[PDB]
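Q: The primary structure of each chain is shown beneath.
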Amino acid sequence: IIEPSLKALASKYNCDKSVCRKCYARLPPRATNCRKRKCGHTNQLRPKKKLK
Amino acid sequence: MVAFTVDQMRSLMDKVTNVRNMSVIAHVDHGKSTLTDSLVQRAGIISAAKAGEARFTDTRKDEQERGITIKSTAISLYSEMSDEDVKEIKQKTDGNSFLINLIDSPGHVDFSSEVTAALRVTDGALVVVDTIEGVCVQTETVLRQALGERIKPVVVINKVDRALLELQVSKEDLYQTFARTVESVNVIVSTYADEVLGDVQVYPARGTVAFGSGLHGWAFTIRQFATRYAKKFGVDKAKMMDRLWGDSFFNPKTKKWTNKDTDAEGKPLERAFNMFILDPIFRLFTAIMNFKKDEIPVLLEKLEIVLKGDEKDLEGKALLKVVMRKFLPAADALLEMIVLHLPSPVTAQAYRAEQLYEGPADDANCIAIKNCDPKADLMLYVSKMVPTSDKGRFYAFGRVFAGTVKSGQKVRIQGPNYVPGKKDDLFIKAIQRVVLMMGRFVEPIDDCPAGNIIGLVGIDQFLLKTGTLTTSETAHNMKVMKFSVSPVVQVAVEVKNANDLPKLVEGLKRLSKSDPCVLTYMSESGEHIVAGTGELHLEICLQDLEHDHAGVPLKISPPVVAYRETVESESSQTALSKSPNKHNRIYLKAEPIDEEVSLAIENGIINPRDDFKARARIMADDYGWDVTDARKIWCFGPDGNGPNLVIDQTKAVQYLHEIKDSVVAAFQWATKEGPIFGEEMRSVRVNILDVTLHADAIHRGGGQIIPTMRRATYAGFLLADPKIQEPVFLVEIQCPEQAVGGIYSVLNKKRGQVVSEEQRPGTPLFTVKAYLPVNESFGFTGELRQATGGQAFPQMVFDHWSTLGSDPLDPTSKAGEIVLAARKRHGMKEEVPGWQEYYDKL
Amino acid sequence: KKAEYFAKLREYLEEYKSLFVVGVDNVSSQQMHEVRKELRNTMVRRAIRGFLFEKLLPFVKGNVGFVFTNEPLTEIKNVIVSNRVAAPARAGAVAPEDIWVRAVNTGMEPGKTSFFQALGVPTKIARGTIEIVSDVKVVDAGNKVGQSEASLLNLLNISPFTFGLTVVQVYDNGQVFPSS
Amino acid sequence: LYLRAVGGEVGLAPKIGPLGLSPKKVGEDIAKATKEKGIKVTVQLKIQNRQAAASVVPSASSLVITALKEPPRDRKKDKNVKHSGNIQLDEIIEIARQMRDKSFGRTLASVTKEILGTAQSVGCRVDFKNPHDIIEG
RNA sequence: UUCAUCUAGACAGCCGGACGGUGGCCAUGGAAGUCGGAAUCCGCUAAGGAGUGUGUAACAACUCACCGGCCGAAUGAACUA
Ligand SMILES: Nc1nc2c(ncn2[C@@H]2O[C@H](COP(=O)(O)OP(=O)(O)OP(=O)(O)O)[C@@H](O)[C@H]2O)c(=O)[nH]1
Ligand SMILES: [Mg+2]
Ligand SMILES: [Mg+2]
Ligand SMILES: [Mg+2]
Ligand SMILES: [Mg+2]
Ligand SMILES: [Mg+2]
Ligand SMILES: [Mg+2]
Ligand SMILES: [Mg+2]
Ligand SMILES: [Mg+2]
Ligand SMILES: [Mg+2]
Ligand SMILES: [Mg+2]
Ligand SMILES: [Mg+2]
Ligand SMILES: [Mg+2]
Ligand SMILES: [Mg+2]
Ligand SMILES: [Mg+2]
Ligand SMILES: [Mg+2]
Ligand SMILES: [Zn+2]
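Chains as they are written, first to last, in this note's numbering: chain A, 45 to 96; chain B, 52 to 893; chain C, 795 to 974; chain D, 328 to 464.
Please keep in mind that the hints were generated in silico from the structure rather than gathered at the bench.
Watch out, some of these pointers could steer you wrong.
Below are the SDA-like pairs computed for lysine to any residue, each with C-alpha atoms no more than 20 Å apart in a straight line [to be verified]:
hint: 1; chain 1: D; residue 1: 342; chain 2: B; residue 2: 810
hint: 2; chain 1: D; residue 1: 342; chain 2: B; residue 2: 811
hint: 3; chain 1: D; residue 1: 362; chain 2: D; residue 2: 328
Derived Cβ-Cβ restraints for the label pairs, each shown as a range [to be verified]:
hint: 4; chain 1: B; residue 1: 358; chain 2: A; residue 2: 45; range: 40 to 46 Å
hint: 5; chain 1: D; residue 1: 386; chain 2: C; residue 2: 875; range: 26 to 32 Å
hint: 6; chain 1: A; residue 1: 45; chain 2: B; residue 2: 353; range: 35 to 41 Å
hint: 7; chain 1: D; residue 1: 445; chain 2: C; residue 2: 859; range: 23 to 29 Å
hint: 8; chain 1: D; residue 1: 342; chain 2: A; residue 2: 45; range: 25 to 31 Å
hint: 9; chain 1: B; residue 1: 815; chain 2: D; residue 2: 377; range: 21 to 27 Å
hint: 10; chain 1: C; residue 1: 801; chain 2: B; residue 2: 804; range: 57 to 63 Å
hint: 11; chain 1: D; residue 1: 377; chain 2: B; residue 2: 147; range: 48 to 54 Å
hint: 12; chain 1: C; residue 1: 970; chain 2: A; residue 2: 79; range: 54 to 60 Å
hint: 13; chain 1: B; residue 1: 321; chain 2: A; residue 2: 79; range: 52 to 58 Å
hint: 14; chain 1: B; residue 1: 79; chain 2: C; residue 2: 826; range: 55 to 61 Å
hint: 15; chain 1: D; residue 1: 441; chain 2: A; residue 2: 79; range: 54 to 60 Å
hint: 16; chain 1: C; residue 1: 869; chain 2: B; residue 2: 789; range: 51 to 57 Å
Idealized CB from N, CA, C, for every residue including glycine.
Produce the entire structure from the sequences given, and follow the hints as far as they go.
A: Written out as structure tokens, the structure reads:
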């Protein structure tokens, strides 16, 4: 059991993010487009799913 | 540490106050069946040498190589003490040698049947708790299971070697976890412990908690340390042994005690627990795990070491295993807390009597149970039945609460259904041998008093799972002892070869005996079902079947489910079938029965052997039903007794009494195997509108009425929008609030719907009940367990039948795809005969 | 229609003879629906430059609002903190105090030591409910508040940090008066 | 000082009452004294101290308009909807709304009433959304 | 290209509030803003929807609209090639 203060601190780096819907890339939680050019910086972004 | 004698242990069974009937209790891989090992060394049995891993109460060969206790095996032990220790017993005591009757127990949830069995014949309980894993989910459940029959607990916090090495723990946090644990252990007690004792809370300073790692071999408690070091500072034990738990410290360079954290004017002082009960031990880890050997001896010598012909030539971590087992040996800490703080049989039967009695809780024998009276009529409960070591014949394993038991003694056995009045579960045979048990070798003894656990070879032809055998005519039974797991996971068992079947049916009987709640039975759909409490529990029960009880190759299969053929319309036409002899004709329509009244015979209110004029009267008024149509009934069906009936509605018709013989005949061939797929049927009524019988006689035999009627009713079935009644369970589960959401999450995927959501007072412990279609019920309990983290305990029973608004007759639908395969497996064809056959369109 | 509310907050002009300036640091809306039962922002700081008199404008920044009642000017100065915030944080918040707890029974059912153990507090059970032993402080002045620790005080154990309804200054029929 | 929920006639309880040293049967039978024109969804209130039952009936604003309707009803014998909304009875609406603790920061005696009548949710009540600038009380 | 907000203080960011009738009525084993249906009304209001999210078994407690703070000068959105 990770102590609640830092379970949320790490959760901010790993769990709480966003990802690209066609490039799969991992993206800042507030971000609007993808940074990778292979997908042409598509705006189609979902948030990164979370556990339980 | 020497083994003493068969009849020497027999002699202290008389001195009841020195007996300790207890069990061990923990969560699965917590260290108890290794913990027990350290005690049977201090009774001779096992070599003190490399015999601390062939855990003896793990008698079974699969118990031994899977490394988990499966059945609650048992052993009794003889023990020495010193007078310095045997004063501190606030219950009458006798001498300095005591007899521990223990049960090492399986701690998987599948085996909670074996632990409730283990408790009912014991008074004390030793709860083991891993340091690292702490108090996990099954600990809470088997604690609830002890206070459920009012057992006194004492705890030992275990595998603290994990705390040091794997967790690199300092001293105070290690204490802090000890604090963290004992706090949460008592919050379980203050909710379920019977509000009759209060004294059942557990605190370490009172000597009801131990600390150690039974694997490495050692344990202690603050009391064992109180004396041990109070003998040099010359100071007392009582107020001292309060100063070691909690916030009370000492501060050298000041040489006087403290109250709260006290800070010592910067960087405070450590609890008495730390520099003075663990600064020894932590230096052993640190100053021998880090190999400080030049420090090892004169640090070994500062704190009273001793070496061996091989152990000095043995340095760290195999050293720590070898030195600390000699430092604070296991039994010393345990015997203390078990002989001091656990109730002797007399100090325990007096409060567990009235609640453990089926009859009047003040019956003349319950009197002699409270007194722990070894001279009353023998009073004994058999809790389990344990394999014989020969081929399949079962000692009976229980504890006697009155009188004695002698080898060769006539006794009445009173099964779970007996009452003192008349013919009941009463067999009256004798006992071949009484015998007291160990790691499956039993020692025949000729006489046993009351207050001890023993075996009994000479019965189990007369017991099935549990029983209570006595010596008095009207000694009532003992309460039926229900456990928290009910037999829910189930599969069908067929025998691989066709002819081993007799070996399979005796095996089920022999299997029913072995586990306290394994069920086996014939179904309506005609299968041998073997039901258990978990997908794992079922494994072993079939292992035990394929090899020992049946010993034949047999393969398993999901059980087939019993449907019923029914209607929900009134014949989209009318109906007429003709004969082979095309001279006779029958006319009828078929309509659904109010499901309210189809129950009314399923619950035995309208019967054939009864007489009408009352049949008629009852059904007319309240059942949305007729009064004279309830007079001209003719028969039930199937089996003469079923919920599908016939009545007469035709004019001055030819010869109806000489075909009434042959119309019910065909009625019965249609009601146990009809259309859609030949299962029994329920909830359809058939009324006959005109009948054209031939003349003479022989042109109207049964051979011409029954092939028409069975034809002539199937026709009237598929007109009236045929439907099938799927069977529905009523399932109740007890779950804490925490993971109660995992219940509703499965119930809808498995298409359930809740009836009542309620909580037990003070407890979290909700108990939700719901209707579960058995169709969507397989693997359900195992998936509910994962959805609840094991914190759910389902208990199912059949409730009712239900139709389906999905349509049966269409194979695409999710109510016809069910009976899609019902035919293929049964050996039938693709579609079901259209009403165009069975109906002679003329 | 924004016609309508340019006109509204310049709608109630002068009205009165003495007033009171106040601040809205952490105060509820239910806490305001209370004071208005007793009867007895930058769109406004240009209202005055408009309808001019007074030179009271250097007193306004922060969340500010305004009152009026002409009765004895301290007869109203007592309904001021007649409200008594004592807000116990939202779900976890900042440290404006020095945290502590002492021993006593709590009258709560022993199923909530869950929070207690999460903060290294020794606890026991007596009389049926959770008594506390050997009391300690959570951590030092101006440090962390865990959802653990907050979740404990905030609603379990009513023991808040007050966020009072304050008042700064006042014009007494022509010039201004600092404190009471 | 506790509170309860909608109960028509009778009344689960001891999930909170037995742990509070109250024999919950003496209160659930007594709870049918504040619960009985009169059978509908209403709030309750009990405030006791280490003793027997002491429970009252609260001023649920939803409930007052419901009794002020056709109180003819049967429980599960209706089986359509509780569209029991009868005559608005604007005067009895005022008396109830007046009795409602004069809460909601009651500016007028009618400022309390505008909240009550606004529950055109409750039913027809001959006219939903009565007038704005009218006589008062 | 088209339409918007801003010194009567906009946009972003940070901060305080986010009410009362009230758990609104329909139903629900349980549904209190947050399974859903319909009434989407009102009161106190600088404002708060009979409630935009997370969450609960149901509440909770976190959240947003909506209302102020702080900063003081330009910002926003749908489009076309
Ligand atoms: N490090 C460490 N490991 C231990 C200790 N005690 C037991 N173990 C390990 O825990 C495992 C499981 O414990 P067992 O004693 O075998 O049986 P049990 O867990 O008490 O009982 P079951 O529920 O039937 O499994 C064993 O394989 C041991 O190796 C200990 O004190 N320290
Ligand atoms: Mg996103
Ligand atoms: Mg062995
Ligand atoms: Mg075997
Ligand atoms: Mg084991
Ligand atoms: Mg593990
Ligand atoms: Mg055998
Ligand atoms: Mg009828
Ligand atoms: Mg039903
Ligand atoms: Mg802004
Ligand atoms: Mg509200
Ligand atoms: Mg809802
Ligand atoms: Mg919800
Ligand atoms: Mg409005
Ligand atoms: Mg809420
Ligand atoms: Mg906001
Ligand atoms: Zn991308």
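Q: Take the hints in turn and mark each one as holding or not.
A: Going through the hints against the structure:
no.: 1; hint: 342(D) to 810(B); verdict: holds (6 Å)
no.: 2; hint: 342(D) to 811(B); verdict: holds (6 Å)
no.: 3; hint: 362(D) to 328(D); verdict: holds (19 Å)
no.: 4; hint: 358(B) to 45(A): 40 to 46 Å; verdict: holds (42 Å)
no.: 5; hint: 386(D) to 875(C): 26 to 32 Å; verdict: holds (30 Å)
no.: 6; hint: 45(A) to 353(B): 35 to 41 Å; verdict: holds (38 Å)
no.: 7; hint: 445(D) to 859(C): 23 to 29 Å; verdict: holds (28 Å)
no.: 8; hint: 342(D) to 45(A): 25 to 31 Å; verdict: holds (29 Å)
no.: 9; hint: 815(B) to 377(D): 21 to 27 Å; verdict: holds (25 Å)
no.: 10; hint: 801(C) to 804(B): 57 to 63 Å; verdict: holds (59 Å)
no.: 11; hint: 377(D) to 147(B): 48 to 54 Å; verdict: holds (49 Å)
no.: 12; hint: 970(C) to 79(A): 54 to 60 Å; verdict: holds (57 Å)
no.: 13; hint: 321(B) to 79(A): 52 to 58 Å; verdict: holds (53 Å)
no.: 14; hint: 79(B) to 826(C): 55 to 61 Å; verdict: holds (58 Å)
no.: 15; hint: 441(D) to 79(A): 54 to 60 Å; verdict: holds (55 Å)
no.: 16; hint: 869(C) to 789(B): 51 to 57 Å; verdict: holds (54 Å)
Of the hints listed earlier, there is not a single one the structure fails to meet.
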